[PDB]
Amino acid sequence: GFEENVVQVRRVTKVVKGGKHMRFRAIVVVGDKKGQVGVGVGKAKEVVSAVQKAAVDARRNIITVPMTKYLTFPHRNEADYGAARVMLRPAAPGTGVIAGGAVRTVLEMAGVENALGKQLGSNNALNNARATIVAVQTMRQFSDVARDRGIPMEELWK
Amino acid sequence: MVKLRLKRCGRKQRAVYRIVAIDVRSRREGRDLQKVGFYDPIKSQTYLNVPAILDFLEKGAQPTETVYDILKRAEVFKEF
Amino acid sequence: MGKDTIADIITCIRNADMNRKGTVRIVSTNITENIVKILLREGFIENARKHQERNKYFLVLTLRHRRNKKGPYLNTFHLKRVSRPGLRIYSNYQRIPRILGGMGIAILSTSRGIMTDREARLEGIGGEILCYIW
Amino acid sequence: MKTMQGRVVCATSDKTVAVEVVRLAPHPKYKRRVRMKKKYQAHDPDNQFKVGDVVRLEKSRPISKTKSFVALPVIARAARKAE
Amino acid sequence: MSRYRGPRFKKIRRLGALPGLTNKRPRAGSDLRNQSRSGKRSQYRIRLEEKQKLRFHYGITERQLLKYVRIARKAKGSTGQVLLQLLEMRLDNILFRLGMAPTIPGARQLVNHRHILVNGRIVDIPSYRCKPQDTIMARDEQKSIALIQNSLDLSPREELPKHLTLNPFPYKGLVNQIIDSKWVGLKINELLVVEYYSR
Amino acid sequence: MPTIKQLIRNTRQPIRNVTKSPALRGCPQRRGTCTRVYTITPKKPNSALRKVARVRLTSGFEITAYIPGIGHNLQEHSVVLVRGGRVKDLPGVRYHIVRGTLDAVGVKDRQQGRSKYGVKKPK
RNA sequence: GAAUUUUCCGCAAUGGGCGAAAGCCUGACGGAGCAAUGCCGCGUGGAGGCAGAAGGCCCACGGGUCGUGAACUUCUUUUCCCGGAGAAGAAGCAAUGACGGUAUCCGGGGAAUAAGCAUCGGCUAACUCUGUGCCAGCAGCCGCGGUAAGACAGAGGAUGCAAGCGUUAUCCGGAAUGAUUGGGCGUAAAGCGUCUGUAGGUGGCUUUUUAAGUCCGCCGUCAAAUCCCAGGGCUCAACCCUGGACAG
Numbered sequence: 136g137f138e139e140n141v142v143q144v145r146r147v148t149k150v151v152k153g154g155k156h157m158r159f160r161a162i163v164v165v166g167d168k169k170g171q172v173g174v175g176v177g178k179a180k181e182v183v184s185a186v187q188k189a190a191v192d193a194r195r196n197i198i199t200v201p202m203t204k205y206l207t208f209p210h211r212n213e214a215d216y217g218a219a220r221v222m223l224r225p226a227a228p229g230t231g232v233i234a235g236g237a238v239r240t241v242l243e244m245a246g247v248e249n250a251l252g253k254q255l256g257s258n259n260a261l262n263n264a265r266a267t268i269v270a271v272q273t274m275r276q277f278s279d280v281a282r283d284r285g286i287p288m289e290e291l292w293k
Numbered sequence: 619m620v621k622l623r624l625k626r627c628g629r630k631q632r633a634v635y636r637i638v639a640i641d642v643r644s645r646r647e648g649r650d651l652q653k654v655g656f657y658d659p660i661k662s663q664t665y666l667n668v669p670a671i672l673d674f675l676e677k678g679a680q681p682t683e684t685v686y687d688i689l690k691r692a693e694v695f696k697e698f
Numbered sequence: 012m013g014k015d016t017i018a019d020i021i022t023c024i025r026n027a028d029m030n031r032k033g034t035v036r037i038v039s040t041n042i043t044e045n046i047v048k049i050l051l052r053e054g055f056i057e058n059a060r061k062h063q064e065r066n067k068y069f070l071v072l073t074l075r076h077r078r079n080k081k082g083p084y085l086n087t088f089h090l091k092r093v094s095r096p097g098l099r100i101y102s103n104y105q106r107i108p109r110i111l112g113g114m115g116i117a118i119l120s121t122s123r124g125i126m127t128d129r130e131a132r133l134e135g136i137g138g139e140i141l142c143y144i145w
Numbered sequence: 024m025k026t027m028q029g030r031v032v033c034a035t036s037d038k039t040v041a042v043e044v045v046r047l048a049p050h051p052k053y054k055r056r057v058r059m060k061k062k063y064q065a066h067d068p069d070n071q072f073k074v075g076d077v078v079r080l081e082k083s084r085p086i087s088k089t090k091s092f093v094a095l096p097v098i099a100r101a102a103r104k105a106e
Numbered sequence: 016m017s018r019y020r021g022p023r024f025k026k027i028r029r030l031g032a033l034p035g036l037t038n039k040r041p042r043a044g045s046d047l048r049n050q051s052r053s054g055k056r057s058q059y060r061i062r063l064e065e066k067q068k069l070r071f072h073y074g075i076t077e078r079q080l081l082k083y084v085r086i087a088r089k090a091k092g093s094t095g096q097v098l099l100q101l102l103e104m105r106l107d108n109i110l111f112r113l114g115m116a117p118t119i120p121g122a123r124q125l126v127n128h129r130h131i132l133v134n135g136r137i138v139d140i141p142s143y144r145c146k147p148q149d150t151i152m153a154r155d156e157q158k159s160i161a162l163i164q165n166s167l168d169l170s171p172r173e174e175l176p177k178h179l180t181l182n183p184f185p186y187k188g189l190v191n192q193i194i195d196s197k198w199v200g201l202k203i204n205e206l207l208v209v210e211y212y213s214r
Numbered sequence: 005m006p007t008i009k010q011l012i013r014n015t016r017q018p019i020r021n022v023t024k025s026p027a028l029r030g031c032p033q034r035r036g037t038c039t040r041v042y043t044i045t046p047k048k049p050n051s052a053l054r055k056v057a058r059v060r061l062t063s064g065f066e067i068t069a070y071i072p073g074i075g076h077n078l079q080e081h082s083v084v085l086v087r088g089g090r091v092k093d094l095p096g097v098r099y100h101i102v103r104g105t106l107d108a109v110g111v112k113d114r115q116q117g118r119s120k121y122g123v124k125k126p127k
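Chains as they are written, first to last, in our numbering: chain E, 136 to 293; chain C, 619 to 698; chain F, 12 to 145; chain S, 24 to 106; chain Y, 16 to 214; chain P, 5 to 127.
Among the hints, a few may not be true.
[What the hints assert, rightly or not] Over the 10 Å line for every Cβ pair with chain P, so calculated as not near, a few chain S residues: (1) 66; (2) 75; (3) 93.
[To be verified] Derived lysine-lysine pairs resembling DSSO-like cross-links, with alpha carbons at most 30 Å apart: (4) F:81 / E:204; (5) P:9 / F:14; (6) S:60 / P:9; (7) S:60 / S:73; (8) E:204 / E:168.
No wet-lab data here; the hints were simulated from the structure.
Built from N, CA and C at the ideal position, the CB exists for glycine as well.
Make a model of the complete structure from these sequences and hints.
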């Protein structure tokens, strides 16, 4: 029971001496609004078959988003994947999802209803939709920072 | 010289009337060096700060018609 | 050379955790010994001790790593200097940075001594912001 | 009154000394220190202070249009270039 | 124009959801089609059609709504909910939920023709914000009209919203407190409308 | 980023700025008399007979202007009023003509755009 | 010149000049007039009404749509109009006003007097049929037109906004495309051909001291009015206003 939506249907064509043929590509993102996303890129001859294969690749690369709070992000994070750079900042329980055309499509599925961002560098829908995934994977919460951090011998509780 | 009265800030029918501490050689509604208190005509709002008055009047300040009457309407300026 | 000894420790620990090493040896100075003290009180490292190589005094700095994975999670993800030599940053009681919303801290040298992000707010003092650890 | 310190660069003037005041101040838009140096024409009726001496300048009565400052004390001796 | 005049149930159709511009009309849209599968609406279409649903329900303009969403953004508290606070406090909307008028466009005419009294004094303005503990009642002269009598004859049986309390005999309704999220029964997502104004 | 100490020496600041259409001291519209009303051919993708007229402005400059719509009545002594907009198909033409003002008449039997082209309301 | 107004009324109110006063002078000013120049509010109708009437547009002509839209019916009538009352801005103080047939209030006719503009290929939210047919024309950019082009011209319909709409001009934003917060220089624009070196920038480690920078607190000033927070008054709002905050 996951929600499915398309980002961009790109037209990629190569010319041979045998004519002009194309293999359509589509980016589909999945989600259940509880804090679970997954992007998928699939290439096929037709438009309907390119959306189908990208939906099967989306439910395979499943990553958990550690948001769980009052419909917002835990902290500030800046990640750069290639030429594309996206900045994700937390917001108050009244702001909408003021993020990019390829960024808002992955954030509405993550459960984050309150978020503010910017689209820097390259404005390609392929490199920016995956740059937000690398930025959401490196997200830490108050409990897992202290568990990642190796504190010395403190007083042990039962 | 310096004197006491009221300026204009509220235009049209609503004449609010400002505070005072201005010279005679200046404007009707211009520069004011110090603040005191004011009154609103069609309301029960009457301020007029008493520690600011009498402290300004001792050093050559002239009490003109409009600052008067609103002075005796309150508990200040009587045989006390 | 050594233009800033407060900047090379930041580089020596950052490159050491990326290639997962056990012990690093940095130069011995009183101000840098004060930074490694408020690093272990928060828990970013194990401990710090005194050492000597060849008539030169060095400081032992043992790092801490998490559980075993494909690439084990590091204690300090990023280490960067704010008050770089030739661009000295100074802040008051209100201009003190809130790093990661309370998760990470920023170590600053104040007039009362050497305080952190939470410690400088309780005393009501400010100063030169050295670096930020998270 | 304001007090500013500086070194004397020129002494070849009748009862007047050229004092160069160095002042370090951070930029409000940026962060780093920008050094500004302006020379003041100080008064010295006793012609005691020569070239190379670092003196402090206080505000006083204008003896001319360019001169308004006087040199009252002396913190250190000659700190100039060798002949 | 202050309040849209002309075709009312054209916007109850097309949009999918059914608001209260009149009483109750069919689910289906305009033209010969629209009863089948519609085309894929873009990401900017969901932000444009959702704000036009909130703008038409109350019978408010774009110039007046622009102020009620900006002052609510500058004010403290949850922005998404305080848009529906200053919009529900209007004298033309609190009159619909009172049972004195069958719909909202007919409730603006009721306030404009001097039929409603607020705390004893007479108010003509529909865009007037009604603060708590206020008595929204009818006038003694306009108590004998057949339109006001017919609308309040159907009200003693139906249940009115929890933030309001109507007394059927003296024809007066009091407003106790502010309306919250679970108290609103409209088919509108308040997070899609606040995202439109900040493009 | 260019280093902080070079930003005090040089200090980055923009230019004097070049205008797209020199309509004097920030004036929206400008008046002028037409000198020569001729016909010219477009660029490479288009091929038509477009009507362009050389307008002598109030400042003393003689720049070209495009006439919109079907049919006009501009002579050698017509006092016209310019707009200020490029066509990007005809080289040198950076201005447009506002019809329905002064000597420039509006387009006959046009029912669509009446705000532009300068057409009146038909009864 | 693209473009910016009544050669009006008054001292009544506030203020200025003079006078122990009265009072006089006062297009400062208080008001009115012209102009949708902008901001704000209201209005030009409300409910009910057919099995979806004429008449248009599309049509596979079996219909659909414009359309509840209209007509037809009950209903209310702000504002405009007409008539009668009538707060306050006057404190002074033979009771003193320009504005005023003022605000506002009561009543009487009757919906009766009141909407348009742009757009509809994509970004841009909204469709087809004709005519024309790279012809005439469109156009912010990519671009449309050489016979069936939703991007020309008209019509039907739809969308947006509103007495405003559209166009143009101009600054900022989008341009982390000068980036201090925010960018780069092997090949995309970019290390000067290579050294020495003055000014300038930066500078290892220890202790003491200074403490100038810096930091804490406090005292001045940072005019008022904007902006912001909370709270009041014109029926709301615009507007006006108290205190505070801020003035880095």
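Verification of the hints:
no., hint, in the structure
1, 66, "34 Å, holds"
2, 75, "29 Å, holds"
3, 93, "33 Å, holds"
4, F:81 / E:204, "29 Å, holds"
5, P:9 / F:14, "17 Å, holds"
6, S:60 / P:9, "17 Å, holds"
7, S:60 / S:73, "20 Å, holds"
8, E:204 / E:168, "13 Å, holds"
Every hint from the earlier list agrees with this structure, and none is contradicted.
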